[PDB]
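A.B. asks: Please work from the sequences and hints to get the whole structure.
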Amino acid sequence: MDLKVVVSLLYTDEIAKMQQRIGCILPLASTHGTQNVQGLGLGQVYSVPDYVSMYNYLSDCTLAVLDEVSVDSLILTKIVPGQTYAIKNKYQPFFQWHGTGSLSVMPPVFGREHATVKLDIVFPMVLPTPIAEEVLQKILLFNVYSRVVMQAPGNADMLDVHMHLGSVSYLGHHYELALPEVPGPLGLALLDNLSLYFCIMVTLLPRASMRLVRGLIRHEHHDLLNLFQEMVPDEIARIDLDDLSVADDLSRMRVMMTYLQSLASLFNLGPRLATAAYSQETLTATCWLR
Amino acid sequence: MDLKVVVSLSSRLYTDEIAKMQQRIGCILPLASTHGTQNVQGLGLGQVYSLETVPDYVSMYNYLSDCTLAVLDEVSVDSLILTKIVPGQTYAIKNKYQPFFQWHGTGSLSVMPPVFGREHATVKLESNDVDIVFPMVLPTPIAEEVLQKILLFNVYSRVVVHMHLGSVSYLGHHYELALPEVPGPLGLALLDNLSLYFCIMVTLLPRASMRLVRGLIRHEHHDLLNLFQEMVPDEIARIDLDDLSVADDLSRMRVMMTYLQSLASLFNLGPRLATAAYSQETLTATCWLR
Amino acid sequence: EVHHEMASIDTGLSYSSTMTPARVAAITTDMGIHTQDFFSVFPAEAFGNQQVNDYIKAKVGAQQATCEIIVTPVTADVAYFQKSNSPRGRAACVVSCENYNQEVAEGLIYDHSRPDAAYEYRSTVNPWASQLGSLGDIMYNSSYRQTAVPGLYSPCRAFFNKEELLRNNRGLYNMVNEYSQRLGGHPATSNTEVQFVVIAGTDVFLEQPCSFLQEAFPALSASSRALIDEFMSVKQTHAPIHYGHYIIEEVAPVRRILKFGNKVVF
Amino acid sequence: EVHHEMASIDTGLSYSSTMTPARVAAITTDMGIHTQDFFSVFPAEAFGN
Amino acid sequence: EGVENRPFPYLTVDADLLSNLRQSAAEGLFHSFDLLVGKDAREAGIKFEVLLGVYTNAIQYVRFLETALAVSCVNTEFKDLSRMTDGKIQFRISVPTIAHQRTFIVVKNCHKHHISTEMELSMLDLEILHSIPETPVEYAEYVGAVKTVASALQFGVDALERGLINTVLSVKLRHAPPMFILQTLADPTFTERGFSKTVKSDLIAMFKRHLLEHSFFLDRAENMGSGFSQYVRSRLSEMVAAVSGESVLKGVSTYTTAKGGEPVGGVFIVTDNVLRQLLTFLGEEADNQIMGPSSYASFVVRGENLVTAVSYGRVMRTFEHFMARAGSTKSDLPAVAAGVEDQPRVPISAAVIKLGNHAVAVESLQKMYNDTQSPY
Amino acid sequence: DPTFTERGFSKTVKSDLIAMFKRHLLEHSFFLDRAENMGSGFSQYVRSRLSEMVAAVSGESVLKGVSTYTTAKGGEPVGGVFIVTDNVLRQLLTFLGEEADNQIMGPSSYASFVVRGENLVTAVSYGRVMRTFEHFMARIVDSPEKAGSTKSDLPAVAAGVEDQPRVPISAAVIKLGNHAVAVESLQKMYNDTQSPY
Amino acid sequence: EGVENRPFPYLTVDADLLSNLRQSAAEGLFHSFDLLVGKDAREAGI
Amino acid sequence: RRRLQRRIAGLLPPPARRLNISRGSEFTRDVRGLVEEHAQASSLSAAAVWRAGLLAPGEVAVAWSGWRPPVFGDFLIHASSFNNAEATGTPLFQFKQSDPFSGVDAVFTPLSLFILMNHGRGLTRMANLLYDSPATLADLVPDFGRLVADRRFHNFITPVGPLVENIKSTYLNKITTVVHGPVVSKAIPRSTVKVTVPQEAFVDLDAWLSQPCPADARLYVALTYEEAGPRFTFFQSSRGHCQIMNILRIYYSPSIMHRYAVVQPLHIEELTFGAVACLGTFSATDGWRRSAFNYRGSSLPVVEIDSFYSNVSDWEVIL
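Chains as they are written, first to last, in UniProt numbering: chain R, 1 to 9, 13 to 50, 54 to 125, 131 to 301; chain X, 1 to 160, 172 to 301; chain V, 1087 to 1149, 1179 to 1381; chain E, 1087 to 1135; chain G, 5 to 104, 113 to 337, 345 to 395; chain H, 199 to 395; chain F, 5 to 50; chain P, 9 to 71, 82 to 139, 150 to 238, 256 to 364.
Worth flagging that the hints you see were computed from the coordinates, not collected in a lab.
Mixed in with the good hints there might be a few duds.
As the list claims (entries may be wrong) - A short list of chain E residues far from chain P (calculated; beta carbon distances all over 10 Å):
hint, residue
1, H1089
2, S1094
3, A1112
Unchecked claim - If you want the footprint, here are the derived chain V segments under chain H, 3+ residues with CB under 8 Å:
hint, region
4, 1111-1119
5, 1328-1339
Quick reminder that beta carbons are idealized off the backbone N, C-alpha and C, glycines included.
C.D. replies: Encoded structure:
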């Protein structure tokens, strides 16, 4: 079937900087024939950065590996879950790929200037799944540990949070990360509200846990494990409050449920690509949408 | 590939039942088998949802994941035809559901047991003395809201705030939904697995994020923080007395994100439909099974 | 897959096909005694004390054709049980009720101010299975059989349910052609160890006149071995009613030879 | 992906093909003194202090 | 150890392969060899396994008109039943009176029956089917593949033409009340009144009286001594006469007795043992053949019907007859015989008996159902 | 009888079949003693029981399309043969009245199946002989697309048995409804050798 | 099992071989048989 | 605009979904054009290539139909680490090696995956008969004891689907496996391939419970963590993933309290009771016909799933 998407719009430096990236991907706005310039990847969502809406835009709209770049046109092919494709790891945070490892697509967290081409075009980060969850944990806890020492400098030390978050390690590839040493308080950064989601669900999890365990134990015995796993938590978080406004407790349970579901869908790494035969000689990878 | 299942009624059909069924053309219906022709028993969700007072929603989910799915296109006297939904094909699914949920552009649809009543989504077939009910098809966020409202009424049943929980609220309209009293052993088994998940969450949850939010409630006020009513919970006080350590936090988050993916898949009950290019003027959407 | 359609339509007005029974292959049911416990059918009910309930449940042995029990006083006439009648002690004839109504139907079926349809001179045989709130319907009528284990086929239920009787209160031709075209009158099984209820159509093949007629044909009961062994000996002059014992001739539609030693009877 | 199958089978009883070496061309290893070290071959083995 | 010795005709080459053998045979030069010394070094005894012929059943196609069930049903090849949403028949029955006026307009509707099995073919014998064979082993493979595909397709249409007989036999059961009811219901001595209460109670008394005295008549006929033939005839004759055959297609000549102008007028569908017992209790039958049609009728849509069809549907059965519109029976006799005539009147191998003035056919389909391993 | 063996042999079918074995064993066995004390209708009873024995035999032999062993006077195929003892033979003659025939035609010599040159080569090398090498060659390497019908391969199922001369064979023939079976007692072949019949 | 699944010039006879066959073969009247249902019901490759 | 009609005539007609046959005996060219699927292998001539239609773009067409062509995973393994007497259709497991550049991967059959669990502590007789020495396998995983100890063995082994091609090289074996799509063998006589899982490691889950019968019954592989070393079980089910984690928690309900009772999870990482992964779908009717696998010495029972559509998934943890 026909699969090309010809977007119409360059000069020699733009020709060069687009010809470097003839195997990378970018999302679109429509699965149609001809598109405008604005419908290309991540232009309208990354210019204040925020990870949750960028992930919603990356999972919502379709995806497209581009093939060729003319003086005025960009012939690109959208990817459909039917057949298979071929992609390359030509991204400024360079992570070496491997065979039959699931590939993910995350919005660019390592700086706008790293993954972009200024004519605008913003390409999303393509990098494998265990490195993806690893760097997601290591930027989440970096935001939390930077915000607590911007709050109280005696809680943690800046060098102590940097020997374990300034580097990731997968399969012996010991990479490094670009962390914003000056995030600036009150949000206003990338991953500024996802940590603000993580703390709220961590806060409201005991209030959910006591109400949920006490609510199920009078349902006498469906299994052992409603009362078997009462011994594994600490006894301090077991007997915490047990008296609160039922409307306020209801709103707290509902807020933690929606913030748990959105964060749980987000911690599922997104549109997962399944590669088959990566070759580091040619820097190519046979993949498909999964 | 030919997907056409003709269901021969074993008796005739009056004109009022014909005119009632003819309004529900394009709505999703489940089937017993996947073969060529079928009888009318096993069609619809009515064999598990009997004409009783007591419902059980999770058993209807276990039915819906087990059975196949089809769309109703032609209904005649003595026989009505259906078009199966097999993964790999792409279908046009019209929005012919009476509680009108507006559909997102390229969002995700989700099938559902009838939460807005038996009599609301049904056709009474006295001629073949059976009942065909129609499963609700609503978008995935509102489906998650309905599912968590059902579970929240299941846990708050031994406490009582009712109409603040027993009514879904959408931008088109807010709707009431039918609230049962007990889901039997299956809904309690779902709550058992979710209780395991929640209790192991409050085991392995990190403490630096609580140290963030305790000072942050004292620092900042937000719509993520207004539900605490500027009162840090006592569990934050009696857990944050310990110090902060980044190594055990990275050890905790490597099980947190490991468990949250499976917790996300603990809400994928009922098959899910991945849609694209929903037109709001013809109320149909080019959608395929996910 | 090879689809094929065909559309048939009748050309005559009245009936144009008859299905008779002709032979008997074998009586598959092994017509013997096998009662079903109400503990398996009503599991949720129990007595006051736990251990007396356990003693009862272990003593009756609570844990093949299914029998039932209709509880009757000992003053029921044996001349009633000789003739083939309805086992609930009332002549449950539906056409001496009027058609497509309820009041005279319930009057003939359950009201006892009028006498029996068969006998002009008494109300019923037992008042424990022919009343609106008796013992027979508190066992078997489906209005009080709620939250019972489905799939057990209490065979006495076919005499006691109301919707079958209100189905039989329709027109006669409507009744017979809806018996013929709709066999789903909640019947028994075909080839099983214990009789469940089938739910599938055009797979099993069975038809019941009991849901049509509401009578039963009495089997060879006897209150001693002596009446059996004298009914085997002489046939035209056996004793129907002895001093305190009684034997009951079979007027069943099937006719079995009773091979006792070498003394048959047919 | 082309494919081609061949089935060779000997028809002589004894050995039917010999292979001498004719001449040297080069000695690629220097016949020298670079002993291997058991610190690389047995790296887990260590002493007390 | 992996080598046979049958008395082969050995080709005698002159190679010097004797040299340095047993020295090399002991070391293990060969993977597999068996030294034969003494008496054993001989051309061995010729022995063989014999394959005494392969066999298979020639699956006979059973045409619906090749059995006598088609005497029950007049057939028309309607090529567009997928586009037939409904079919109805009006009956204006003019009822006369008796001086010491009613017309009962009744409607009967058709009811479709969708049947379909599922044959299955592998992807091996399609990829090898579409390709072209070159070597004779691939031609011997391609022939087996096309025989597999043609046999599966012929099996599919055979299962369809058997499921047609199954649906006919089922719909002839769905409109068939039992014998003990129609023994009394066809006797006009009890429909004389107008079906009041007491005559209905008398009829449900007669149902019970006929249930335990007239059912299982073949089990009654063994203890009647010599009067089995007259009893079987006197039961089957009233079985026939209790069936009202007042059908509007009765007047045309569909099936005759294959010897004269005696129309058949009914068919008996029994099992195997019942047929083998009735062909001795009635003794020798009349004939072994029945004249009947060799194909279906035909009913296509001409443009005078097609403009109505594409206008609002609702076609007519005979638009030329309606374009013609007095009429009598002999006038409208081709209006009802709508293609059931002019068929070449082939004989059909099916048994036919004579019950008084009715030449009823009798046949058993277990031969058709037991080749499907299904319950009759 | 196909009535019981059509559902699929559950545990509630063999319980019926064992009881029916017992009920046929207590009653219908030794059918030449009940036919002695029957009285008048001995002929109908014996003629019923022999036909019940004949029709309960699976006559689906693959060589039944081959017309062999017809009756001499009529010309109808003799499908079936009774082997009885000599004392019951004259009893079965008198209970069935009289023989419908006195002799049957049949093959005068055995079918000749010797190995041909192609069969011998397949017998020498691989040690495997087929039945009809000419038919295998005719249905693989001579006309493979020409499929086989029951008329086109009735010569192949009859390996010379249909071309062998017909002599009469003396045996008592009776009539059971439509069929004809040959009733024969070869007890006289045993008693002059004193071997146990 | 000694059954050979090879292709063959299968001689077609007309006798009703499958008279109560599946209930016979499932109970094991034959010493060695093979049931091929669906995609295995073809001729095998040479 | 008249060339547009020729282009659309080349583009319009799909393969026929319905075809009015009259008899099966005639075998018309129309129904042959329906039932014929273009092949994948032909001889190396212009006529055979043009007749099979291999050169058509995207999908095969002589000079889209619901069929997807498979993809093949190419793996290089040591000849000692694999047994060349393996069956064709057996599901393998690539272990992610911890070196930055390897070249040679490491795959495991579930027979070979058994002897990594056995040592340190029927099926095991055949497993020790195939591979003589576990130490030539237990160094492919360099730190097996630590990786089992901190319960991170599920994320380092990813499934790869069944094997199709195994060339019998002498030092470095190259095997081919179908990581996604219709599993069909690449042999010049195209013969089918059956996914073989050993019987004691394959416990059914439909019959373990003992009416709506679906078509696609999935096959789930399940790593669990036991006190007797981890185990690799295989589960066939006709249900959803949402159903499969609930019913697998219910199936492992004695084993979790077994591992809890013998060993207290003193740290935070020992809580995970392994994970599961969907290996793909197959037909629920003629699934899992039992067969046998014969080595030279012995024979174990082995299930034979026929016509498998391999589709791996990520690991969903059991708890």
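A.B. asks: Each hint: holds or not?
C.D. replies: For each hint, the structure was consulted:
{"no.": "1", "hint": "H1089", "in the structure": "6 Å, violated"}
{"no.": "2", "hint": "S1094", "in the structure": "15 Å, holds"}
{"no.": "3", "hint": "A1112", "in the structure": "25 Å, holds"}
{"no.": "4", "hint": "1111-1119", "in the structure": "holds (count 4)"}
{"no.": "5", "hint": "1328-1339", "in the structure": "violated (count 0)"}
Going down the numbered hints, you'll see the structure goes against 1, 5, while the others check out.
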